[PDB]
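Q: Below, each chain spelled out in residue letters.
There are 4 protein chains.
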Amino acid sequence: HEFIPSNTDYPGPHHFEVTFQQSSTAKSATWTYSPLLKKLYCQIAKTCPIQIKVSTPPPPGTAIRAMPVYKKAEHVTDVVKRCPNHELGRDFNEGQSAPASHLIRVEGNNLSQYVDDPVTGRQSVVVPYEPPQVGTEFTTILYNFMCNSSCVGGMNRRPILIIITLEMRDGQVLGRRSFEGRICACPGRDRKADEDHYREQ
Amino acid sequence: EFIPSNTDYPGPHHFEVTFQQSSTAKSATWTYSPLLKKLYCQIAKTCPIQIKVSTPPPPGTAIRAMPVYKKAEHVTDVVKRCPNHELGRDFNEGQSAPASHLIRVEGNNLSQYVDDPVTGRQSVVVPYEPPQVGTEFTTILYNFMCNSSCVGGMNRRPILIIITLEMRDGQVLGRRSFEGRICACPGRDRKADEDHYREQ
Amino acid sequence: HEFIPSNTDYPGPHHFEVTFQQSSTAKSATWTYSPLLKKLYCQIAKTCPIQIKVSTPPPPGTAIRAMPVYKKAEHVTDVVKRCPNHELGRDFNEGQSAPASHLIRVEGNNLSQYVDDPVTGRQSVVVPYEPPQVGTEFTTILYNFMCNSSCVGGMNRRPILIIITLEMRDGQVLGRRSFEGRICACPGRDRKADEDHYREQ
Amino acid sequence: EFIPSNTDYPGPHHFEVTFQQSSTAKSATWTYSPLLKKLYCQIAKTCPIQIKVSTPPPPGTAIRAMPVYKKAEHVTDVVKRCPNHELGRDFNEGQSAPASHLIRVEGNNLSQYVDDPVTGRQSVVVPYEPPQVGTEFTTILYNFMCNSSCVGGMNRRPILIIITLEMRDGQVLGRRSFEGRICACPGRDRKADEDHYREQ
DNA sequence: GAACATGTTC
DNA sequence: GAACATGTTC
DNA sequence: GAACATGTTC
DNA sequence: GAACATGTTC
Ligand SMILES: [Zn+2]
Ligand SMILES: [Zn+2]
Ligand SMILES: [Zn+2]
Ligand SMILES: [Zn+2]
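Protein chains in written order, with the authors' numbering: chain A, 112 to 312; chain B, 113 to 312; chain A', 112 to 312; chain B', 113 to 312. A prime marks a further copy of an entry chain.
Read the hints as simulated data drawn from the structure, not as lab findings.
The beta-carbon is built from N, C-alpha and C at its ideal position, and this holds for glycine as well.
Heads up, a few of these hints could be off.
[To be verified] Label-pair ranges, simulated between beta-carbon atoms:
no., chain 1, residue 1, chain 2, residue 2, range
1, B', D202, A', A296, 49 to 57 Å
2, B, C297, A', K303, 38 to 46 Å
3, B', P243, B, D189, 51 to 59 Å
4, A, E185, B, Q244, 45 to 53 Å
5, B', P210, A', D307, 42 to 50 Å
6, A, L148, B, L222, 53 to 61 Å
The task is simple: from the sequences and hints, build the whole structure.
A: Structure, rendered in structure tokens:
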């Protein structure tokens, strides 16, 4: 019933938080997060872990969904999916059990459920909430992004926000955050160029 | 011929391959370099070539255009439309040609789009038609349906377009070839290649 | 139910400890431990003993598991196994009764049980806990690592953490530690180069 | 012939073995040293050779390529793909050649991959095909499927590739050979060997 | 990772 | 069309 | 164990 | 492509 996915930050009754672990300080590493820009620069198809933190545990069976959305108004109503070349190629989709049309995957979780909504057409991925590891702060989730932002046919050169929601089994939203995501072959240089440009300006 | 011959060959008939004066302007959708024997065109933008012949003979002769990757090492790969273009709609929808084909003909509606069962090679064949009364030579209007840059098709692997005049039985009569480059800026690209050529 | 093996240090209710006996001070010896880096440099296929110490004895039938895991996020979900050339070659697997696909073996224990998990696919080796030798501090376990870190097909050039867990018969974790493991043909030089580099930097 | 003859021999037909100009560039996937009579190629990267003949005779003649270790002392060992490559998927999956074979042919789909029952030797045979109309010589596109450095295959034991022109019955007509080196940097390796050659 | 490719933006 | 934007070669 | 091999990294 | 990384020869 939500043809515009909500994008606005919502700290839940549980202060829901999404953060990133030791991103490279090097241009080298395949993913990096700009705290300044609230932006993730990642590389196509590579593992990209996030940290969720909450102030109190949610009820059992609570889940965490990741749903990509186009940021610009003329694109906001366009469902974000894999470009046809990636969707129908050989490279990743055939081994994996996740559906080929999906942009966002989860690594290492076998309760992950890949959702295509019949009414809204939105593509998303859900995992059950797990409390952190014993004596730790954060619950880590491993994502894989399956097109570059640059990919034609797919989300071509349009910028996307990644919405992470904490949800009850009902679907009821208990928390929500988002950040801009960029998938490309040079996340360190791109991060610097954007940061340099933002600061110049 | 699992790998098609590419070096030039003339026929029984003068078999000329030419290009109308390309604009020397950057504002032209296509332009040809006599220097490099290279054609610069824009994706999906009709580009005319001139074949000219001296005799009109055999009763079912045809002319085919077949792209092949130029480097020996990429040469056994069939040149096709990238999946992204193949499956998109912008040009795929409404015409009478297979979406997987890189090369189309626009004027002839008796164009035959050929897929070799053994080699998988894709080419486009048209019947020879004598020129229009009072025009000197018959023109063939091609459409190139991916940029060379195209992703999952040819990725930035230069291609040579072989045009051959053929009898009904397949015997090769005339054949020529040139390197083809499909991009969004053929005039600038032409200029860079010719510059990077005189000294380099 | 643990597609990401826990890697975090856990001193159990028994202060569980994993240490190393007289590693060579020489470049010569086939294995060596860097206390600085928490890293074991060992040589392919050679005996590599460890010392476990506990502050109180655990209950009877407690076991000790060794499970290799890739350290880097994009590799973390990849099961660590022997490279095909080692797995299917003549050299060690045929004499030994341990399964050829396993990276980590135990020497000299006939209750060692080599586990391939049907749900998670993880490869590990378990032995029953033994109190130390009379009048001694530590219980020694003899491991054999069956690929170099450098081995292509196998864990090729990716770094691995070795997780040693103290476990009840149930599987319940009573203690856990880990260290980075490196298997190569020159552990002394490599140790020095890494130590030299860490200290420079 | 449990151990195959390796020294060069010519045939009834001019039997030339050549290489298209290799780039003198480091950026080429392969390059050949006329000096050492050594071919430097990259793993799995198609590399063309030129056989040329003067007469096209016998009705079922073929041309085989068979790798052999060059040192006398390693010579009785069959040259094969390392188990790591044999069992991996990256190239093993989707084509029509046994994974254990080091040498493949890419253009011919009538390639016959031979495993000698007595010697266990592996080679690849193709039928002689006359050149393409107007091209001068038929090209054969090889693929080398391990680096020489490859682990459990040839470990850093240099190999000589023997190419022989053969009648249907097996009688040896022409044969030549050269040393082959498969690695991730053929241009640099070429340069080091030729340098370590002029003075040393 | 610097320099280069090439398509889009304005 | 210059200037900017992105994946790729070296 | 120093010098050399050779493949990867950036 | 230079510089770094690893198993192997001597
Ligand atoms: Zn894509
Ligand atoms: Zn295309
Ligand atoms: Zn191994
Ligand atoms: Zn190999």
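Q: Output the numbers, in ascending order, of every earlier hint that fails for this structure.
A: 1, 2, 3
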